[PDB]
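Let's start with one chain on its own, the form deposited without the named molecule, as structure tokens.
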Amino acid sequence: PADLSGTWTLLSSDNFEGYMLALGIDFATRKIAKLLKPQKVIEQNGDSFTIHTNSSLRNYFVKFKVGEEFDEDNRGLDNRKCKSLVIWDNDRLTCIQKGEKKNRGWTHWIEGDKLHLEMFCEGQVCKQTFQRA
């Protein structure tokens, strides 16, 4: 495991548009979303996590415990329901989201004081890095 806690600000994004296309987000929302610099707040208590994703266009919140399946109604995103599970891929916090979309999920990890994030959905992978605020 690794400590991923803190308030993070998006430093670099990469292929976020491909990621969103794969989700089926419309033109209007994608144009606005790609212009955002969302903040990520990670509260970590042992294997208990609460991750806040704050941005202009929308605020997001996910609360989970590692190894505990939980449904994710993304009616604030792609409106598609998913059955999620987060596990420790050695020091990388990886989530598998089973649902309509295939090979959808995300992975967080930290190297130095920089937070990395990969968000994928059936072929598209959006890489992002954040800096401790």
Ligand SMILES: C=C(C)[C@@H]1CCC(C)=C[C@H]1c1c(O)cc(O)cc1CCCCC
Given for the second form:
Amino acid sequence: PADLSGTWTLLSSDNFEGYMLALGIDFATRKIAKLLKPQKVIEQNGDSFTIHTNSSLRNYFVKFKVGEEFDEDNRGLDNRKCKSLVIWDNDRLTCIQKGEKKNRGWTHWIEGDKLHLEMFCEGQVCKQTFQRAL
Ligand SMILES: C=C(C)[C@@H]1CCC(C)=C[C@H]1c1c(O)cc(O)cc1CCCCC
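Having seen the form deposited without the named molecule, the form deposited with the named molecule bound:
The complete assembly is shown below, putting the previous chain first.
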């Protein structure tokens, strides 16, 4: 494990378009989504996490415990129900989102004090990095 906690500013983002296409996000929504640049806020306490993705249009957050399956409504995203599970893959926090789409999930890790994220669905990987905001 690693301490991923913090307030994180999006610094780079690659292939968000392909990830959203894999999710079927509509044309006008993809346009807006690529402009929003949400702040990522990770609250981490032992095995308990709350990960926020915050923008002016709306916030999304997920609250979970490592190793504890939970249904995720994805409301405000693609609105598809998944059964999600987050576990540590060495020092990379890995979420499997079981549902209609294949190979759907995300992974966070930290390199120095730089936060990394892959969001992926059916072969489309969106790679983002972040810097600590404050
Ligand atoms: C929760 C949000 C701030 C937005 C909400 C609206 C959409 C369609 C995408 C989210 C979004 C965004 O607009 C930019 C991002 O870099 C990441 C994400 C979260 C993942 C969205 C996957 C559909």
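Think of the rigid core as the biggest set of C-alphas that the two forms share within 1.5 Å after superposition. Positions refer to the first chain, counted from 1. Residues that one form lacks are left out of the comparison.
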Distance moved by the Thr107 C-alpha between the two forms (core-aligned, Å):
0.1
